[PDB]
Every structure is written in structure tokens, then in C-alpha cells.
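Some notes on the structure that comes next.
A protein chain is absent from this complex, but the other protein chains hold their places.
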Amino acid sequence: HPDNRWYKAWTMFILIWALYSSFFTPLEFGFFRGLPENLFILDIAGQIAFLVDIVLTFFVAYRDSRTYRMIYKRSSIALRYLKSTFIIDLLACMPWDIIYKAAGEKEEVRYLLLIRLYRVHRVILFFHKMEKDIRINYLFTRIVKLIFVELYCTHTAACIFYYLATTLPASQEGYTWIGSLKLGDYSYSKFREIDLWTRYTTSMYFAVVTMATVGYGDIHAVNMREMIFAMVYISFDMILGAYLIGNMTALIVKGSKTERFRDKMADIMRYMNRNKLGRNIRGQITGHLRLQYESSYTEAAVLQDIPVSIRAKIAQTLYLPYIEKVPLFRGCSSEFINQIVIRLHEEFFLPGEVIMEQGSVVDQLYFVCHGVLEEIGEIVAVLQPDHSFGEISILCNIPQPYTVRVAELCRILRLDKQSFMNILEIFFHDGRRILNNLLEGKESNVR
Amino acid sequence: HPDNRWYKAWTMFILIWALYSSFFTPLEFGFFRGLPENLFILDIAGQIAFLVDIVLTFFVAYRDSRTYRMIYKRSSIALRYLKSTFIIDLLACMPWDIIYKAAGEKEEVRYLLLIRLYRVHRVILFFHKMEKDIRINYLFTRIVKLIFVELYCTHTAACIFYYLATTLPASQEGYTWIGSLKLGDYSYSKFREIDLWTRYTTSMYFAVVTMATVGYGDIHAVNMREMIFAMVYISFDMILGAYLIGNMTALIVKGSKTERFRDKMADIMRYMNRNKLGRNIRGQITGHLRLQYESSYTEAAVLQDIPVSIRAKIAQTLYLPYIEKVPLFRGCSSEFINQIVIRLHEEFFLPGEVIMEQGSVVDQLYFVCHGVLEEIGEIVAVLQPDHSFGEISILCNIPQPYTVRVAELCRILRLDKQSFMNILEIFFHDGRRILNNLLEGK
Amino acid sequence: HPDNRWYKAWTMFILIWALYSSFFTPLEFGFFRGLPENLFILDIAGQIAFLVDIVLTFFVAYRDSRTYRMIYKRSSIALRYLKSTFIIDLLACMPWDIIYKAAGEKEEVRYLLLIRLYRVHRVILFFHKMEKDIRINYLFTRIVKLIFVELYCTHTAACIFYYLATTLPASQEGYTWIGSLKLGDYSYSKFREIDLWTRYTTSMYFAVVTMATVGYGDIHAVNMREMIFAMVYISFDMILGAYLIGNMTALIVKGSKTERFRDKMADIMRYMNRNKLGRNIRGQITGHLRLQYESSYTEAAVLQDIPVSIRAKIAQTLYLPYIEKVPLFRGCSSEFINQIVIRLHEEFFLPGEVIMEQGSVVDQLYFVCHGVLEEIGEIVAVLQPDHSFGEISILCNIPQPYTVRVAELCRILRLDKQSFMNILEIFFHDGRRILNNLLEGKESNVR
Partner (left out) sequence: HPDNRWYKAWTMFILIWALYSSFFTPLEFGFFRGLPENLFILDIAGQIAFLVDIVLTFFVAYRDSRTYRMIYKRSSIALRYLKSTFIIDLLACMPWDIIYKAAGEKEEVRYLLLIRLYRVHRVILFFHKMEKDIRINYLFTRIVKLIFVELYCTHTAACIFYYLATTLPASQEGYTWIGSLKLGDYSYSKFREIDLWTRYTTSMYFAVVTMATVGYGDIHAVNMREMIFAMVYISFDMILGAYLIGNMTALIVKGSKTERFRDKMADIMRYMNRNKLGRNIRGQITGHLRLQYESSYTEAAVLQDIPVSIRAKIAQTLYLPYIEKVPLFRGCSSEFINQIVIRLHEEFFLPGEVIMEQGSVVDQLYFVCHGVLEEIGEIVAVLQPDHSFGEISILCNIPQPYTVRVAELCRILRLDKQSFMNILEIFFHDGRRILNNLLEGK
């Protein structure tokens, strides 16, 4: 009822029945005037299984697109189904076999078995739901989906082509696609007396060969009925065939991000090998391109487009432990830190890179969470995690006297200038303790 | 004349007539030496109908690409047509079936009936016009145009396939593609005596089969005349067949559909397996991405394309009526509201989410467009659309005592904390009215 | 000799001969043991025309990739050709027909006629040169090029398939692809006695049908020789066939910039029609997207990558007349203007847009070349072409008191702040006359 685990099992159970009922119906329609007593029980179970699905759907939840909620009211639940393809489900569930024999073996009633072909859309829904899964490769599930539609449309065409051969009396077998078919020493002289699986394989062989446009021509349309359907089936399959090529081509042009990385990566080797060499230069631009792959991370970050309330929770969950441990904010109010943790952006620096230089104006505040940095003036001070630098450039407005270089791979948190003062002027009281902590540490002697 | 509704129905009625005359001219050219008396009245109606269109084109409008304006001057409209494809239309309107019989049943005269094939271009122009429709994708329209062209070219090829078999005398029937045909028991010994809809179906079966490159070989080009045209038709079809595949791929490449959702979930996964985020926050963000692809996302659109000057007008058209109904802005000046409206941003909240909590300071002001919310302290107050919340934290600088939870999907307009004080500081008198309205309600 | 107009005519003349010699050689190879006396003269003219090309190439210029120059020295000119496919040109020019009859009608000598198939590469070069032309649509010339390669490979395969039928004696005609071919009432009983154009059309019909993978099967490979070539030809054509589909697909996915504009353009109507309406709003975002198309112009500009010396000449040719007419630079040295004209970037503003506001810091200098602007404080001053505004924000460092609005479509030249002072401090003398001109105009009263 809430679409729990039990309902999901049923949707998998009916999906198996949907695969059977969609495949068996054209075989029943074309190759069988009336099902033998052996298959009487098999169809009874199939209709009963779908009949139970009709009752279960009356108890299923209701998913409405505009409001995005699970509404449990029964009156609204029934209403939706009745307008939305409930007659077709009842019509496909009716015993069209029993009515066919009861009515007097009238073939126009048996044309109504083809409404059970709607049950293949249930399998199509399962393929669409499989596409929504992140784990399953998109190219794989868009190939199986279009190799099942091609297979199903081929199975249906194979069963209707045989039916068009049975639309004539047995005296006119020579004017059919099968009664006039001789393959090797075998002659399909009386095709209605041949066993079922020879007729189906011969029909399915013709449809598959037509489906891939191989077209041997050993089996071909002879009648005017068969020619018209062949034109209809070929024209439809040609559009369907171009869709399979188009979908597979589109999923290869839209290659994985790893291959897009390789395109840029291999091109840069083309740019150095024709110009220079080096065990270190070649091994350092590779590091730089893997750092561009690490930035492919910060871009997801920027996109985000999640409400700021959740994004604030992301900022609070990750960066709050690191910010609270810095000596800069010793004694500061937790609220002031809360407005701080929101506005940092994560930037990664490779070992050997130069963060700062001597006497250069600073536009960003940096906090260290991972790795070791060096302040070179000789290493003035080795930077540990939770140790911030560049505070002199912000509070004092004097450029950093010491150049900053990266010794090990670092996860550095970036804070912008104009953002920082905006918080500072709003919380002027919190500004004093920041300066008081700086006074205690000394090493600056500037205010 | 002015491209009014009648002229938009005239060019829609000729399109119906053009479809008939495009699909009947090859049928008349191939399978008919002379039209029967019964079909005489039908074709004479179509030829007359296209004659009226010729007259109406002289009176319609004149569109010039350079000026992008319709010049209604009669002399300007006339000169254009006679220079641009008017002789072809006049030639097509000639009673070429009547002239055929009057000239002495000369097949050379009947060869020129094929100029009526230009009327498919009128159908093509409709497909090009349908490309301009915003509702229907311009790449799905090209799919239908090539499907129709392949359907039309196959139909034209089928009628020329049969005509080449009629170019030989009946004594040389065995040297044709249809005269030597024997499908099953049926033998096309004297095909000229066979009924029309069996010859066309056989010819169209041959044309359709090679159009998809199936090539059964039951029907093939026996004669040297048919071999050449089969090569020409196949070669042209091969180019046209690859055009459909190219346009099919371009449709899938452009209309990524769920690929735009699959790729976003891949980047979001990377951002969220490197951070060890808990399952509770795991579900919240993922559900938002699920919502962003079901109803197709508007913030993305607005960014996608505007400067600030008219982005305010977009905000003014969309957000002003809801902001004006807020009790907080009761008695406030229009300019104060107008400048506020510019800076709103829209956020959608899935049901079950929590916006604020107990004793939590928030830096955003929220106005609800749709949905129903509830203040939880028990439900303190159910929030109606146009009932703002969050003013307590923004103005009084005290965290919200209650949590505003979501039970109905809501469209929420966001105004930042820092932006709001700047508006209050400038429009200080308007801020005083806000305080008075807050005092009246509390 | 300098590759003048006369040489270009010859390259078009030999191209006609290349089309003939490439098409006629397989027809000569397969369908002819020895050319009749009627075609004796025709081949003599063909070889003579290519023989003259051998001498002319010894006099043509020399294009070397590394140095990009036309070197006229004869000794270097002949050297290049001799190593680069001169033997093949001589070999294809030799009278292999006359040698074939002279040697004693030996068929192994006639296998050497196929080196004249290299002459189709001359046509391929003309197709590659056509691609370099800007005017010709790229999709068109990449379709004709791959429809000529397919046509040529089909013409060649049609002429070699017939040859494989003649490799057997006439007594074994029944074991060939043509001697055992009956189509309708016509029987190819003695195919060597049939007229040439029936044999070629039958062979070319088979190759075209195989080329498009239609495969009727009326004409098929019977011998072991014909089967092996059919496998070789089909496998090669399958790769070639997928290249034609791939090239046509790639040139449709890479659509024109107009269609890319339409994709963004149509999407924005989807974003307003579902939200709001308006005769003006809808008609103003269209203006904004056509302004984004006008910026597609400034992006070409930014790319540029032309040496700065030429780009300086572009700046001097266009913006110098407009800059000299401004009252701001009255009496300034031409050299100072020369360093000015380089650094402006062209930006376009639509009517109704807001350029400036009251009391806002300015980061760019603007000059007006086209259109009319309004200074609203009421219109303080209507701006004409060659009238600059924002000078107060630069020289005085006071924000513009008047908002700037666009009345008519304007071509506005943009100058950056830090760039302008850099020139000002370098030419301090030129700074005085700029301030003196500002003093004369008054309307500012600030320095």
C-alpha cells in the first residue's frame, strides 16, 4: 500500500507475466486458432495473475507529478486508475480465448487478443526505471531496451506474417509466403500440419532477417496481404533501426569523463614531446592534469543548486570541526563560526606549487586541513593541519612577508576577502577576540 | 493579402491538395497511359485548385529578408513571383493529361507530367515551417521530413520502377522486372491486365524493400533500363538513408533527457563519497535532484539567459503580486517593494524536509508562493501561501523558536539577510512601517 | 612556375584527365584484353597529357611545410619530385597497352595497368582543396568526396569482378558470376560476345547493389575467385560504408551556430510561456539573445591569437578616428592615443539597458561611437557619437552622479581602469592636458 517491499516483489512478479503474456499473445494469435487443452490452464493462471494486479492497483499508492506526495486516500486512488488505462487492463484480462470458442469460432473476436500487446509497455516501464538507476551503465540499459523493442517488434511481425498466410483457405497455400516455400529438400507443402516450432522458427527467421535488413530472399512476401504488411513492417523497422544506430552512436560520442580527460591528457604529451623532454617535467604536468581532475570536483560543488539551507548543513557538517580548532577564532562565538563555515570553498594544491610570494597583495584567506606547507622567507614556520595563514594580509592589510610553498598534497579551504570583513563589521565584538588572539601569538607586530 | 487566417487556411488546404497531387502524379504517370473518365473530374479539380493558388499568390504578402517587413504594394508582390518559380507552377497546372490524348497519345508529352513533383516542395515548406514551432522539437520535425521524403521517394521510385517495365512492348514482357516475375503460384505473365492495386503493391513492395536495403531479390531489375535506375535510386537512397541516421543521433545527442540527470547524480555522488556524509543528508539532496528532472528546473533557466535590468522585470511580473500580499509589507511604498522583488531567488522543498530548527539562526527570508507549511514548537501555525516567515530572525536577530516543516510541496522565494538590511537602511521609513505591521500582528 | 593562373588551369585540365584515366583504366583492365583501334588514339592523348604534366611539375614551384616558402631554385625543385612519387607517375605514363600486345599478349604485363589507379588520388587532392574553401558547405564537400570514393571503389570492384569471370576459359562459363547468370528471359550464355555496356551495367549493378548492402542475390559470386574478392570487397566496403554514415552523422551533430542559437532561444520561450506572458517581455528577451549573438562577435575578437603587431594595426585602423575626435584627448600627443587605441574592447548595449546607476563605483571607461545615450539625474545630457562619459569616476575617483541609460542601439568602446592609469603614469605630461580639457568643459568641478 505504501509501495513497500511487498509491492515491489509483485511488480517483479507481474513483470515476468508481462514478458510471457506479451510474447505468447502474438504466438497465440497467429499460430493458434484456439489453444489446446494443454495450454488452457496456462492462460487461466496468466489472466488471474493480471486480475489480481487490477485489485492490487486499487490499493497501490498515488503518485501525482505536480504535488510530489504519496496520498493514501482511497477515493482519489481509485479515480486515477479508472481514467488512466483501466478499461484496457480489464479488456486484456477478459478471456478472449473462451469467448472465441463460445461465440462460434468467429475470427473477428480473436482480433481482440492483440490488446494484450499493451502488456509489453509494462516491461518498457521496467526498462525506463532501470535507466534511473545510477549503478547500471546507461549505454547497456539503452541497448537492451532497444534490442528488446526490436526483438518484440520482430516477434510480433513474425506472428502476424504467419497469420496472413492462414487468412487464405488451405486450397490456396501456393499463394502464401509459407505454403510456396521450399528450403533445400524440405517443402512447406501443407504448412498447417507442420509442428509449431518449425512454423515459428521459419516465421521468426524471416522477421529477424528482415529486421536486420539482411534480406536473403529465400522467404519473402508472396500475397498482396503479405506485401502490404512487409512494406508496413519494413518502413516501421527502418525508422526503428535508425533509432538503434542513433542511440548507440549518441552514447559513444557522449563518452565518459575519463576519455575526455585522456583527450586533453594525450594532447599535452604531444605538446612537450615535440618541444622538450624530462623525467620531472613530463611527470609534473601529469600531476597538474590530475589536479584539473580534482577540480572537476569543485565544479560539481559550484553547480550544487541545492537549497542553501541544505548546503549550509553540508558546510556545517564538514568544515566546522576544522574551523573550531584554529587559534585565530579562539574564544569566538559559535554563531560567528556558523556564519564563517558557510562561505569557504575547497581548493587543492599539489606539492611543489607556490601559493604566495614576497610582498604581494592577497585576495583570499586560506586554512590548512590536510598536508604540510612551508613559509619561506629558509622555512620560517612549518604549517600543520588546522593552522591558518594570511591573517596578516586581511586584518592588517600588509602583504604576506613570507612566500608559501606546498611540501605535501594539501586540502586548503579558501575564504574570500570582501566576504570576511562583511562578517567582521556585522560582528564587531567578535572582531576584537580575533585581534586579541593575534596579539597573543605575536610574530606579526602589526595591527 | 495580410497573411490572415483565411490565407493560413488556404495554404493549409492546398497542402492537402499538394499531398494528393504529389502522390497521384507518379501513380498517373506510371500505371496510366490515359486517365479513365471517372478520375477526370478528380484531377480537373486539383489543377483548378492550384490555378486559384497562382492567382492568390499575386495578391498575397511579400516578405523581404533584408527589411524583415511585409511590403503590401501590389507591383512589388507581382514582380517577385514571376521571377521566382512561377513558370513551373503554371506549367504544372496545364492539363497535361488532356494534351496527351489530344496530341495523339505521345509518351514524350506524358513524360513532362513529372513537373508536378515540384508540389512536394510545398509539403516540404510546411515541414520547414513546422520546424519553427517551439512546442515541437525542430529535430523531431526533421525526422518526420526525412521519413516523408523517403516515403515519397520510394513511392516515386515504385511508379518509375513500373514505368520502365511498360517501356518495352508486351512481346518483351519476359525481359521486364514484372513480366518475368513469379511470386509463389501467381505468375505476372500479362501484368498490364492485372488490377491496379496489385501492380502498385508489387511495385511499392520492390521499392520499399530496397529503400531499407533489405533486398530480398524476389523482385529485381531484370532489364538494363531497370539496372541503371535501380543503381541511381539505390545510390540516392544510400545518401538519404545516412541522413536519417545522422538526424536520429543529433536528436539523441541534443535531447539528453535523463542523461542530464544521470550525469548530475554522478558528480553529486563523487562530492558525497569523498565526504562520508550521513544517510539522512544523503537522501535529502538526492530527492532534490529527482525533483529537478521531473518538473524540469526554472532557476537553471533564468541563469541560462538574462542581464539584471530585465531580470528584475521577470521578477516583477512573477513575484510582485505575492510580495504585495505579504502582511509585513502592508502600507509600504511601491519602490521599496519594487527593489525587494529584484533580489528574490526561488527554492523548491520536497515534503518532509526541515527548514529551520529550535534556536537556529538563519540568514534568509522566505516567502511562500505555493504549498502549506507548519510551525512546530505540535503545530504552532499552519502557513498559507503569501504568509511570510523568518522575519523574527532577520529583524529581531533572535533564532526562530519554531521549526517550519513542509507537508505540502512549496515554491519558496528567498531573500538574503545581508541584502535586506541594505534595503531597510536606505528605505528607513519603509522599515518603520514594517516594524509597525509586525507590532500590529503581534 | 610561381603557381600562377596558367598552372591552375592545367591542374584543372589534368583533373579532367585524372577522372577519365582513373575511371577508364579498370574498364580497360577488366572488360578489354586489348583496346580496339578506335580507342588507340584516346589513350595516346591521355598518356601525352600526363606526360606533359611530368615536365610541368619539374617547373612548378616547391612548397615545403617547415619553412612555408615558395623556393624557385630548379635543383631543389626536381629533387623533391624524384623521391616523391615520380616513378609511379612515369610507370603510369608508360604505354602498358602497347607493351601488352608487343610482349605477346601476356596477361601478367596487363596487371601493371592498375598503377594508373593512383591517378584517382589527384581527384582526391582536388576534393581536399575544395574543403579548404570557406564558401563551399563542408557537409556538401564531405558527402561528394565520400560518394565519389564509394562510386570509384564500386566502379573498380565492378571491373575486377568481371575480370575474375574472364580468368576462366570460355568452356567454363557456367562456373562464373556472369556466364551462369540468367535474368528474366535473357541468358548470359556467352558473356564475352555481349556488347560492352551490357556487361558493364550488369557488373556495375552488382557492385552498386553490394555497395549499399541491398544484396538482391540475382547476381552473386559463383567461383572461388569471385567469392574471395566478394569477401574482400564487402569487408572493405563495410568499413567504407560505416565511414560515410559516421562522417554524415558527425556533420549533423556539429550543427550550425544558428541552430545552437535556436536551441537556447526556444528553451527560453519554454521558460516564460509556462510562467508568464507579455508583448514586451517576450519581445525583449529575444533582443537579449540576439545581443548574445552580437557577443559571439566579441568572442572571435578575444580568440584572435594573431600576433599583437597585426592586432595593433587592427586597433589603429578602426578606433583611431573615433578616439581622436573626443574632447577628452584634445591636444594630446598622437603617440599617447596610439597606446590608447590598442587596449579598448568593443561592447554592444541594447536600447533600454542600464549602463550606470547613481553613486556606484566604476570599473570601466566607455566611449560612444554609435547611437544616443541619456544621462539621467530628467536627461542631464544626451550623448552623441565620439562623446565619452565616466571620466569623473577615473580621474577624480568619484562615482558617476548620473545614471546612464540606452535610448538607441549603441556601439560602445570599453576601456579598463587599471590599464588607463598605467598609461597615465607613464605619460605624466599627457595627463595634464586631459585634466586641462576637463577643466575647460567644467560640469564636474572635481579634480
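In order of appearance the chains are A, B and C, and numbering begins at 1 in each one.
Throughout what follows, contacts are C-beta pairs under 8 Å (C-beta built on N, C-alpha and C of every residue); 3 or more make two chains touch, one makes a residue touch a chain.
Undergrad: Taking the full complex into account, find the residue in B:213, B:247 or B:284 that is in contact with the omitted chain.
TA: B:213
Undergrad: Out of A:196, A:354 or A:380, which touches the unshown chain?
TA: In the complete complex, the chain left out is touched by residue A:354.
Undergrad: Which of these, B:247, B:249 or B:419, touches the one chain of the complex that we don't see?
TA: Checking each option in B:247, B:249 or B:419, the one touching the absent chain turns out to be B:249.
Undergrad: Pick from A:201, A:333 or A:436: which residue touches the chain that isn't shown?
TA: Checking each option in A:201, A:333 or A:436, the one touching the absent chain turns out to be A:201.
Undergrad: Who touches the missing chain here, C:254, C:274, C:276 or C:432?
TA: C:254
Undergrad: Using the touch definition from the top, which of C:217, C:287, C:385 or C:401 touches the missing chain?
TA: Of these options, the touching residue for the absent chain is C:217.
Undergrad: Which parts of subunit A are in contact with the chain that was left out?
TA: Here the touching residues of subunit A are 143, 147, 150-151, 183-186, 197-198, 201-202, 204-205, 208-209, 211-218, 244-245, 248-253, 255, 259, 262-264, 266-273, 275-276, 278, 281, 284-285, 288-289, 292, 352-354.
Undergrad: Using the document's contact rule, name the residues of subunit B that touch the chain not shown here.
TA: Residues 213-217, 245, 249 of subunit B touch the chain that is not shown.
Undergrad: What does the interface between subunit C and the hidden chain look like in terms of residue numbers?
TA: On the side of subunit C, residues 65-69, 131-132, 134, 138, 172, 174-177, 179-180, 210, 213-217, 220-224, 227-228, 230-231, 234-235, 237-239, 241-243, 245-247, 249-251, 253-254, 296-297, 299-301, 303, 305-310, 313-314, 317-318, 335, 338-339, 422, 426 touch the unshown chain.
To be clear about the criterion, only the chains that are shown with their structure count from here on.
Undergrad: Just how far, in Å, is the C-alpha centre of subunit C from the one of subunit A?
TA: Each chain reduced to its C-alpha mean, subunit A and subunit C end up 38 Å apart.
Undergrad: Averaged over CA atoms, how far is the centre of subunit B from the centre of subunit C? Could you give it in whole Å?
TA: 31
Undergrad: Find the geometric centre of each of subunit A and subunit B from their Cα atoms only, then give the gap between the two centres in Å, rounded to an integer.
TA: 25
Undergrad: Where in subunit C do residues touch at least two different other chains?
TA: Touching at least two other chains: 213-217, 245, 249, 253.
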